[PDB]
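Colleague: Residues per chain are reported as follows:
Number of protein chains: 2
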Amino acid sequence: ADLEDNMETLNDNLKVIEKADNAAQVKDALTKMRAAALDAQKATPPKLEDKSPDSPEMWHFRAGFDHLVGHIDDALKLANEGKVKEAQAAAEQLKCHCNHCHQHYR
Amino acid sequence: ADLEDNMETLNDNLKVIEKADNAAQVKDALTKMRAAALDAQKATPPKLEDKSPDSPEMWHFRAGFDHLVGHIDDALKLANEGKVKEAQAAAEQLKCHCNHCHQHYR
Ligand code: HEC
Ligand code: HEC
Ligand code: NI
Ligand code: NI
Numbered sequence: 001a002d003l004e005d006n007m008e009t010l011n012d013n014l015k016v017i018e019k020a021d022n023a024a025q026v027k028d029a030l031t032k033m034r035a036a037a038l039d040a041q042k043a044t045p046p047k048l049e050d051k052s053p054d055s056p057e058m059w060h061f062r063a064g065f066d067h068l069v070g071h072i073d074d075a076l077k078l079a080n081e082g083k084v085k086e087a088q089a090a091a092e093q094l095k096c097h098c099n100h101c102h103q104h105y106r
Numbered sequence: 001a002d003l004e005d006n007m008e009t010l011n012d013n014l015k016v017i018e019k020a021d022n023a024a025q026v027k028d029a030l031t032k033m034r035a036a037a038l039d040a041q042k043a044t045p046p047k048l049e050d051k052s053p054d055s056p057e058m059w060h061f062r063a064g065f066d067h068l069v070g071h072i073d074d075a076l077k078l079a080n081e082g083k084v085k086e087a088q089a090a091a092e093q094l095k096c097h098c099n100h101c102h103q104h105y106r
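Protein chains in written order, with the deposited numbering: chain A, 1 to 106; chain C, 1 to 106.
Some hints here could point you the wrong way.
Remember, identical chains collapse to one label, so a pair may be satisfied in a single copy or spanning two.
[What the hints assert, rightly or not] Straight-line distance between alpha carbons at most 30 Å, and here's what the computed DSBU-like set of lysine-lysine pairs gives:
| no. | residue 1 | residue 2 |
| --- | --- | --- |
| 1 | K27 | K95 |
| 2 | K32 | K77 |
| 3 | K19 | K47 |
| 4 | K15 | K51 |
| 5 | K85 | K47 |
| 6 | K15 | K77 |
| 7 | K32 | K95 |
| 8 | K51 | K19 |
| 9 | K27 | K42 |
| 10 | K77 | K47 |
| 11 | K27 | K47 |
| 12 | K47 | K83 |
| 13 | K83 | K27 |
| 14 | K51 | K83 |
| 15 | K47 | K95 |
Treat the hints as calculated values from the structure; they're not laboratory data.
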């Protein structure tokens, strides 16, 4: 959808992952998070409306989603190994990506 | 100084900023962190000793310090413009940079 919908999706599924106790639930939530992050990367945040596409600010904004997606992919691999707790710990650590982008651009 | 020397400097001074009794101590600690990070950026982590200066792992390692230096510079700017409580709040967010790189390479 749009950036507000993608953001609550990300937040909702972090909670799902912390709640869960098996690999399938974690995998499903991470998969949902991955789609939301890639969709949000296409948007321009309101505080960067007139910035150029390759501007330093737009570059760092887009890079933040690439990096979030990379670490979602890393947590997905752990869940696919049956390493539930390690996948959950990796998911919890995604909050650093949320907070970093927010402090720049939210 | 080698890598774990720089890491001790980063660890000690991040704690100084949180506990500092005055603003001059915040700036001085941020300055020491910045120097340690730029030195550490020129190191090879032991888990990557088998990688070239061009490996994707060495690239992400170097970029982590670039980004940490940028955010130290942001906090230094707050401190230099007299907004030292804001600089302290920004320094607290630096721990995510530590945790992210450690997740990969520590
Ligand atoms: C940039 C690279 C971001 C990353 C990574 C994450 N978010 Fe985000 N978020 C971003 C912006 C620019 C905004 C402002 C939206 C606006 O239209 O002003 C937000 C906002 C949120 C919100 C609030 C939703 C709202 O309608 O205001 C939430 C709940 C949120 N973000 C959650 C969130 C989480 C949990 C993230 C990590 C998993 C995350 N975001 C990453 C930009 C970016
Ligand atoms: C990569 C870009 C890193 C960033 C950013 C930070 N650290 Fe780090 N740290 C990194 C590596 C590769 C290692 C292992 C070094 C080794 O030779 O094994 C470390 C290690 C530490 C340690 C342990 C020190 C030791 O004697 O082994 C500490 C206390 C430490 N790091 C602290 C630290 C802090 C507080 C950081 C943020 C401010 C931080 N590091 C960033 C790689 C990276
Ligand atoms: Ni990473
Ligand atoms: Ni940044």
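Colleague: Hint by hint, work out which the structure violates, then give me just those numbers in ascending order.
Modeller: Violated hints (numbers, rising): 3, 4, 8; every other hint is consistent with the structure.
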